[PDB]
Amino acid sequence: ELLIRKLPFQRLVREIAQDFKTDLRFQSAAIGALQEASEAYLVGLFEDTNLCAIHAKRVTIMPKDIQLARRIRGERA
Amino acid sequence: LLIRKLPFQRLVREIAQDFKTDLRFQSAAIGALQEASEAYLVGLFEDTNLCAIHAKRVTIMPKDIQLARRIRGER
Amino acid sequence: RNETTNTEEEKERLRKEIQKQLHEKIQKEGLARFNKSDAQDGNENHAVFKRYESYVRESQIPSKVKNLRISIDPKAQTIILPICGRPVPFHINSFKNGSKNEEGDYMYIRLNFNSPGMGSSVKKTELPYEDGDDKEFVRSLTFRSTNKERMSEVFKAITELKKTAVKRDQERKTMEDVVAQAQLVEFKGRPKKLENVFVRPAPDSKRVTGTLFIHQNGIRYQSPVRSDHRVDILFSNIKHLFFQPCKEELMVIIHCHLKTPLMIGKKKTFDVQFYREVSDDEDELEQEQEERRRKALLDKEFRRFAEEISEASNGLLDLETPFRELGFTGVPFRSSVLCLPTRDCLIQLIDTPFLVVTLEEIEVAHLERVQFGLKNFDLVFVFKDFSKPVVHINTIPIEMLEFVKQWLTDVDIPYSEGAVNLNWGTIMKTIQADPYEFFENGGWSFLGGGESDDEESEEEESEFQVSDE
Amino acid sequence: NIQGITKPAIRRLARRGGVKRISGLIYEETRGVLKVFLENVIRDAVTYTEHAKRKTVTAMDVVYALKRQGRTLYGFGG
Amino acid sequence: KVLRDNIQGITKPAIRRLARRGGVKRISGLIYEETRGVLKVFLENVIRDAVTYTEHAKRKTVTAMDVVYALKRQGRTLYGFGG
Amino acid sequence: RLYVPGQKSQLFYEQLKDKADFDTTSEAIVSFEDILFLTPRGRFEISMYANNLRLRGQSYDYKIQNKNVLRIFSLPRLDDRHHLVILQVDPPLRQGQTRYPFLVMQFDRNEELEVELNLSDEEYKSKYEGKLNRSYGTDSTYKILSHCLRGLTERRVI
Amino acid sequence: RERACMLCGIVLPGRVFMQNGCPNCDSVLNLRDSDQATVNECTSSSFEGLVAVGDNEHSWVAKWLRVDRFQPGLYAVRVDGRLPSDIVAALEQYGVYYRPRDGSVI
DNA sequence: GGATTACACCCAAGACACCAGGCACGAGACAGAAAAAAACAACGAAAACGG
DNA sequence: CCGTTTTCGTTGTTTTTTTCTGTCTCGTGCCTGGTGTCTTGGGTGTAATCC
Ligand SMILES: [Zn+2]
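Chains as they are written, first to last, in the deposited numbering: chain e, 59 to 135; chain a, 60 to 134; chain j, 478 to 757, 774 to 962; chain f, 25 to 102; chain b, 20 to 102; chain k, 175 to 181, 201 to 351; chain V, 8 to 113.
Just so you know, the hints here were simulated from the structure itself, not pulled from any lab data.
Derived pair list, reagent style DMTMM-like, types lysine to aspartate or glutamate, alpha-carbon separation capped at 25 Å:
no.: 1; chain 1: e; residue 1: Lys115; chain 2: a; residue 2: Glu133
no.: 2; chain 1: j; residue 1: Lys881; chain 2: j; residue 2: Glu853
no.: 3; chain 1: k; residue 1: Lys256; chain 2: j; residue 2: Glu630
no.: 4; chain 1: j; residue 1: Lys633; chain 2: j; residue 2: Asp582
no.: 5; chain 1: e; residue 1: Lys64; chain 2: V; residue 2: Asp42
no.: 6; chain 1: b; residue 1: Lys91; chain 2: e; residue 2: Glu133
no.: 7; chain 1: j; residue 1: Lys922; chain 2: j; residue 2: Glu933
no.: 8; chain 1: f; residue 1: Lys77; chain 2: e; residue 2: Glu73
no.: 9; chain 1: k; residue 1: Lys256; chain 2: j; residue 2: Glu579
Derived Cβ-Cβ restraints for the label pairs, each shown as a range:
no.: 10; chain 1: j; residue 1: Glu777; chain 2: e; residue 2: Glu133; range: 24 to 30 Å
no.: 11; chain 1: j; residue 1: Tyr532; chain 2: k; residue 2: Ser328; range: 53 to 59 Å
no.: 12; chain 1: k; residue 1: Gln290; chain 2: j; residue 2: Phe865; range: 48 to 54 Å
no.: 13; chain 1: V; residue 1: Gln78; chain 2: k; residue 2: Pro294; range: 58 to 64 Å
C-beta atoms are modelled at their ideal positions from N, C-alpha and C, and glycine is treated no differently.
Work the whole structure out from these sequences, hints included.
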């Protein structure tokens, strides 16, 4: 089951979308698909972050771990 | 190119000897293979160096390579 | 855009011209600093032996020795060993390590002693024996005894005596290069004070809050729990005085970098840091606004106190603040940290160990790992004092390369770039051996080699800008 | 609306990812990363919608935008 | 003639030089073999596709375009040799 | 033990030996020099005796009874270059606080060693025939060591 | 652990309400598609009078409790807590009138 | 009479983390052996072009 | 598919010297030991509902 509350995610999506074109409408399935993709992405990222943290011989994930994982993936330059 | 051109040619032929017996090669095929291989390895060594620095080290070790290939999504 | 890249690249030609004038300037100022007469007066450096003695007279040997057994004298740090009815003393300094093996009814203990050839971890500077190619050494002695319990106690007491000797020698060294400072002169009125301050390095293993006081010729930190944990710092011994507000930090900082190192508790340090910590949907946004108030309060108070320290110094100390916008990430030690430029120094103060690099003390900067599409690079600072070890800053993101090159140029520091991590332990020892010959052959100006020197290219196709069919 | 992604939600996502201990800056870092991801995906989706001359963002636009990134999603009409 | 165990033609200096170009200062001794295996697995994956193209064109010579398509299939687009 | 520097110790030894006609002796059924241990970290000489195994290290000497060896593992490392030999010991070896219930040795697979056992022909036939070879040819060090450990401890190699 | 859905009156474990939602009120409440706060505001663990209904159509009790149009199962005579004002307005938008089961309204 | 139990709180342990010491395996240094690399000339398979 | 041109891939030989290595000492960084103090358990103890 989805771990983010639906209304906050919908409000975030509308806030972001309002910066490209005003009066945009979203089918509920579009928001659902976006939430599924975003959570899947975040879980994969957290798995890579956990791998990096364990590599450094630690237990606590840190922002530098996230930055290293995103750099190694090829997401941040 | 840092690897030479004849040991690499022999390696490529040896590997190609499994998929079809007695295969000829072309002017710019071995050269392209060497360029791609060296670019790939340099990128991999970049990621390995990043991991080794992350571990507070300066020496790259095989587990850094393994972590890099795991995060890249390599099998 | 083409006229801006032309303008930016002409500013980059001025950047290169400055860098060339810096390499030529340092080459001229290395040939002027080192004369051929100093090279002739070459000083040969020799390993210093710390002379020690077990006994001067046979009377000094304790009467307890009468037993034909191993007797230990802790007062004289001596291990008397029964060699063929001879009370031979062996100083704990000459002793290296010991191995105990109970074989049958006898306990065979092999006591090893210092012997040349990959022996003790002590540096060449101090040798536990006098230099001598013709000197022969007792490498090990093995004894046996029927009494297992006593022989185990004797081994424990030898090991304890060695631990106490090593601890005392470390404590001495942490006080050795420390120059005997003048005594702090207390202010005869109500001193200016900053309360609830933590000190780094801590004088005790327990973290305790203290009060910092301004006096006539320095500052005093004083713990409320123990009067004996005072830290006195003279204004004459402060080299740099930094203040750092909570711009992103959970903490506020007043850092004193010292000219001569001080002995705080058991640690010799050039750095003494004084700090305090702030740490303890609209409601969570308001809690951040309350933290921003607490940041601004501690920032204002600690900045004011650091200015009041500068005023009390009679213009001996300037108050420095980090330029956060010019900061870059790197690894000088074991963690990635934000390195912050100041007016006169490159600093990192948030995590221990601290980095303080004075820009005026730099002779040259070398950028290692810089080449075709590289992910990251390393920065190496070489100092004007060649006896000082080089400082490495690792993994600086390649996105910051052009910024770091610009910043080094704006500070009049020459730089060079290389694809390979050059060893400086080698480079420095050769340069220390003959600094004059180094500059005679081109110093670092020749090593720079900014000229691309590339004309081979890759040929060219028939130059024809005409439509074909 | 970015504060709607509360700390417990990020904790839950890390626990499903197997994370045992979490720093305090991870939440802001994750909010930034999620914002970047969503910005890119919604920008692509809105491009698709504008091209289709629509004012409503359909599920097909999101699915094609994820196929564009390489994040192929099954179960939404693809 | 059959080629046997030519992987050791990637001598220690090639791998060291490749590491230096990659920015590596100190190299563990287990790296060289690690790298060799990695490279093998790479080439076997690229060549199997290039050969698949060569065999589908009913040819007997592996051309540069076969390699280019094999690389392009893995997202390894190469400029300089055609395309 | 004396250390006599310079190119000098052989002349010193010859004079002393000739003075009282000292006769050299050989002990330990088998010795293995310079073995790399991953756990405890360090290099050790392994000297094997009828009832006990000795580990001689620059800073630490250990005497393990053959009865205290519970299990022997002989495992190839996934790098396909090193081979691991692992001893389970009870009671666990001690360096102070934490202990070493497992000793992990690391060999190169290409490391070959030739070893003759220091045993009389009567003792070999009576006690060790079919358990140990009188001489091991130039085979991999980890195989010779694993066979010697099997023959002296009577434990099965896993 | 069991909670009583405020609207329909059914009683099910709170984790069941979170994972699957109310089988009857999902047409107007979207309890599964609702966060824990909304689940609590529509399902309450504090209640009284466990009721088991077998045949909604013919049970006079179900008509008396207005649960004759719902799934048979565990129901509560009285449920502590009422629907929030925003949820009340949302339901009134749908045209459905909400009658509290808290007993304070009769 | 009897019993299991709620509830606040104390005394205590497991855990991820920080600091210190030391020993060995790696880097640095030097003199030596090895074969990769560089340079040279010859032959012609097969790549590029045409109908 | 078939005939043409002529590049550069395959073939072999000689010489150079950078790279690999045998050998030594030292050190710095890997690993063992001592210690912090937080989150949490297991328990006492005061106090209680239930029939
Ligand atoms: Zn309901």
